[PDB]
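Protein chains: 2
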Amino acid sequence: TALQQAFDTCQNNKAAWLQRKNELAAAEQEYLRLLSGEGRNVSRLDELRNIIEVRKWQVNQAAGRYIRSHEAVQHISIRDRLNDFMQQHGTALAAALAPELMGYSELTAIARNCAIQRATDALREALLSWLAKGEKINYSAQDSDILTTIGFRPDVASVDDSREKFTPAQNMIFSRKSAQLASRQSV
Amino acid sequence: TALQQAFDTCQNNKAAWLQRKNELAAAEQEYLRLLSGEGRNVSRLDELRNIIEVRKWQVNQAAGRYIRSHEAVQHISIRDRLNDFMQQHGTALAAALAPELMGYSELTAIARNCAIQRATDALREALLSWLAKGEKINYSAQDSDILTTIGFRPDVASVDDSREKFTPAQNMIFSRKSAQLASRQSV
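Protein sequences, first through last, are from chains A and B.
Residues 1 to 187 (my numbering) are what the first sequence spells out, left to right.
Residues 1001 to 1187 (my numbering) are what the second sequence spells out, left to right.
Don't take each hint at face value.
Stated by the list, open to error - The list that follows gives simulated cross-link-like pairs (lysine to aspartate or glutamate, EDC-like), each with its CA atoms no further than 20 Å apart:
1. 177/A to 23/A
2. 1133/B to 80/A
3. 133/A to 1047/B
4. 1133/B to 23/A
5. 177/A to 47/A
6. 1136/B to 106/A
7. 133/A to 1080/B
8. 1133/B to 84/A
9. 136/A to 1080/B
10. 133/A to 1145/B
Said to hold, decoys possible - A short list of chain A residues far from chain B (calculated; beta carbon distances all over 10 Å):
11. 15
12. 33
13. 40
14. 48
15. 67
16. 68
17. 93
18. 94
19. 121
20. 176
21. 180
By construction, these hints were calculated from the structure, which means they are not laboratory data.
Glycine included, C-beta positions come from ideal geometry on N, C-alpha and C.
With the sequences and hints as input, model every part of the structure.
Set out below in structure tokens:
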């Protein structure tokens, strides 16, 4: 059930990021409209700029969180698929890799590491050889629907909104300003 | 037929290494027998020491070549076994790795390399788990005989006879000395 909770937390993160983007766009269009207005409202313009900055930071944080959650869902799905696949074909896979994998239970640390790295890049070469053909890859039947719903890759909006990087001091100041803004808006 | 060629090359290299070892042992025994004698034979002792050094260098070269050929034949066997195993189970393996390897036919270089790396350490984790359960690994039935004859690892004598690490200068000096020794033996 870990896959299901990963999936619906990813969906919640997506919904939160969409809400953040929507409210940021609403604030931006309101600020532009007040710029077009005749009224000066200098204090209103400054506070709107502050709101725009803090909500852009919130959108960036939400996009980063959603991207991380999506990557976690993909990683756990990969882990489970390798698990049940190789429970299926472990004997054959080890037979294909016996000269580097036999005696693993008693080999020393350096020998174990070198053997697993040799098996590793042998597997990498095999994957390259298969991908050279260009066969179409379909999803696992057991977990196809969840991974199709989350998509192969996050949207370009997610990666671009998360492109901006913030220093820890910027992170704490933006968190404090966002908390203050939320408290003020609630009251 | 490449596997058979590598196997017989490894066998020939092992035979040559054994021949060099027995020649060096005979030279050492004869040198000790002369040294234990009351005769001086200073020139004889010096030329025997030269022959001993030449034989030791030849033994090192033969052991290194034999180890390299054994590694090569093991690598070829692994490549062929993993190739036909993955030709058998490619659909299932790609389905297990579907959420991460799609689009390889047209993705950019950096994305392709990162996807290959992520699939690679996912496979590493799966193989590590299998080694954790501890089921005994057997050689592939198609080429079990060759892999058993060549052994799981090269002989420890070849392992500790190839730790001299001669410098290139010493390498061609010993090559010239060995050629001169062969010419003198012909005389």
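Now for the hints, and whether the structure bears them out:
1. 177/A to 23/A: Between residue 177/A and residue 23/A the Cα gap is close to 17 Å, so the pair holds against 20 Å.
2. 1133/B to 80/A: Holds - the C-alpha atoms of residue 80/A and residue 1133/B are around 16 Å apart, at most 20 Å.
3. 133/A to 1047/B: violated, 62 Å
4. 1133/B to 23/A: Violated. Residue 1133/B to residue 23/A sits at ~52 Å, over the 20 Å cutoff.
5. 177/A to 47/A: Roughly 12 Å separates the two Cα atoms, so the pair holds.
6. 1136/B to 106/A: At roughly 12 Å apart (the allowed maximum being 20 Å), residue 106/A and residue 1136/B satisfy the hint.
7. 133/A to 1080/B: holds, 17 Å
8. 1133/B to 84/A: With a Cα-Cα distance of about 14 Å, the restraint between residue 1133/B and residue 84/A holds, given a limit of 20 Å.
9. 136/A to 1080/B: violated, 23 Å
10. 133/A to 1145/B: violated, 32 Å
11. 15: With a cut-off of 10 Å, residue 15/A remains clear of chain B, as the shortest Cβ separation is near 22 Å.
12. 33: holds, 41 Å
13. 40: Its Cβ never comes within 10 Å of chain B, the nearest being 50 Å, so this holds.
14. 48: holds, 39 Å
15. 67: For residue 67/A, whose nearest Cβ neighbour in chain B is about 14 Å away, the distance exceeds 10 Å, so it holds.
16. 68: holds, 15 Å
17. 93: Violated, because the least Cβ-Cβ distance between residue 93/A and chain B comes to about 7 Å, which does not exceed 10 Å.
18. 94: violated, 4 Å
19. 121: Incorrect as stated: the minimum Cβ-Cβ distance to chain B is 8 Å, not above 10 Å.
20. 176: holds, 36 Å
21. 180: holds, 40 Å
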